[PDB]
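*Asks:* Residues per chain, in single letters:
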Amino acid sequence: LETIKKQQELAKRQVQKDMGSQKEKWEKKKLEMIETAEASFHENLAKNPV
Amino acid sequence: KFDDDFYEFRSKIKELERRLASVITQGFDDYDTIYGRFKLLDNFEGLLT
Numbered sequence: 519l520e521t522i523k524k525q526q527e528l529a530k531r532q533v534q535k536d537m538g539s540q541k542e543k544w545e546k547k548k549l550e551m552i553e554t555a556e557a558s559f560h561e562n563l564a565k566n567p568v
Numbered sequence: 484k485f486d487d488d489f490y491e492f493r494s495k496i497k498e499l500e501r502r503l504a505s506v507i508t509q510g511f512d513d514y515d516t517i518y519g520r521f522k523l524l525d526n527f528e529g530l531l532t
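These protein sequences, in sequence, are chains E and B.
Position in the first sequence (from 1) plus 518 gives the number in the entry's author numbering.
Position in the second sequence (from 1) plus 483 gives the number in the entry's author numbering.
Hints in this document: simulated from the structure, not taken from any laboratory.
Just so it is clear, CB atoms sit at the ideal spot from N, CA and C, and this is done for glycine as well.
Each hint should be verified, as a subset may be incorrect.
Claimed, not checked - Some but not every residue of chain E turned toward chain B, in silico, with C-beta under 10 Å:
#1 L519
#2 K523
#3 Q525
#4 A529
Stated by the list, open to error - The calculated BS3-like cross-link candidates involving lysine-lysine, where the alpha carbons are at most 30 Å apart (straight line), are:
#5 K546(E) / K535(E)
#6 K541(E) / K524(E)
#7 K546(E) / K530(E)
#8 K522(B) / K523(E)
#9 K541(E) / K530(E)
#10 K522(B) / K530(E)
#11 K565(E) / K547(E)
#12 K546(E) / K565(E)
#13 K535(E) / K548(E)
#14 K523(E) / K497(B)
#15 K548(E) / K565(E)
#16 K535(E) / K522(B)
#17 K524(E) / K543(E)
#18 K524(E) / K522(B)
#19 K484(B) / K495(B)
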């Protein structure tokens, strides 16, 4: 019962201890910068042939 | 072949989950104290299927 009560305490932390405010938005901003980089690379690949 | 092996395993689990549900109902019909019964739940709190 004590080991399971300890797991519940550790479980509350694991959920809301490693939890950080604004996570999905930061991932979307990282994706946007990669999309712009790929867009610049395809333009450079268009300029090579042309 | 895996899809067939899943259906076999899923059936065994559904038989197992019915035996667990029967064991929990026996164990609850025993303690006969709001405290003893709430303690039982806490043991299976992570073991809800």
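*Asks:* Each of the hints needs a verdict: does it hold here or not?
*Replies:* Quick rundown of the hints versus the structure:
1. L519: holds (7 Å)
2. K523: Status holds, d = 7 Å.
3. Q525: holds (7 Å)
4. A529: For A529(E), the interface hint holds, since the closest Cβ of chain B sits about 8 Å away, which is under 10 Å.
5. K546(E) / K535(E): holds (23 Å)
6. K541(E) / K524(E): Judged against 30 Å, a Cα distance of about 28 Å means the pair holds.
7. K546(E) / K530(E): holds (27 Å)
8. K522(B) / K523(E): Cα-Cα ~10 Å, so holds.
9. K541(E) / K530(E): holds (19 Å)
10. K522(B) / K530(E): holds (19 Å)
11. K565(E) / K547(E): Satisfied, since the Cα-Cα distance of roughly 27 Å is no more than 30 Å.
12. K546(E) / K565(E): Status holds; Cα separation ~29 Å.
13. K535(E) / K548(E): Distance of about 24 Å is within 30 Å: holds.
14. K523(E) / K497(B): holds (28 Å)
15. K548(E) / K565(E): holds (26 Å)
16. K535(E) / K522(B): Given that 30 Å is the threshold and the Cα spacing comes to 26 Å, the pair holds.
17. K524(E) / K543(E): Outside the cut-off at roughly 33 Å; violated.
18. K524(E) / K522(B): holds (14 Å)
19. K484(B) / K495(B): Satisfied, since the Cα-Cα distance of roughly 17 Å is no more than 30 Å.
Checked against the numbered hints given earlier, this structure breaks only hint 17.
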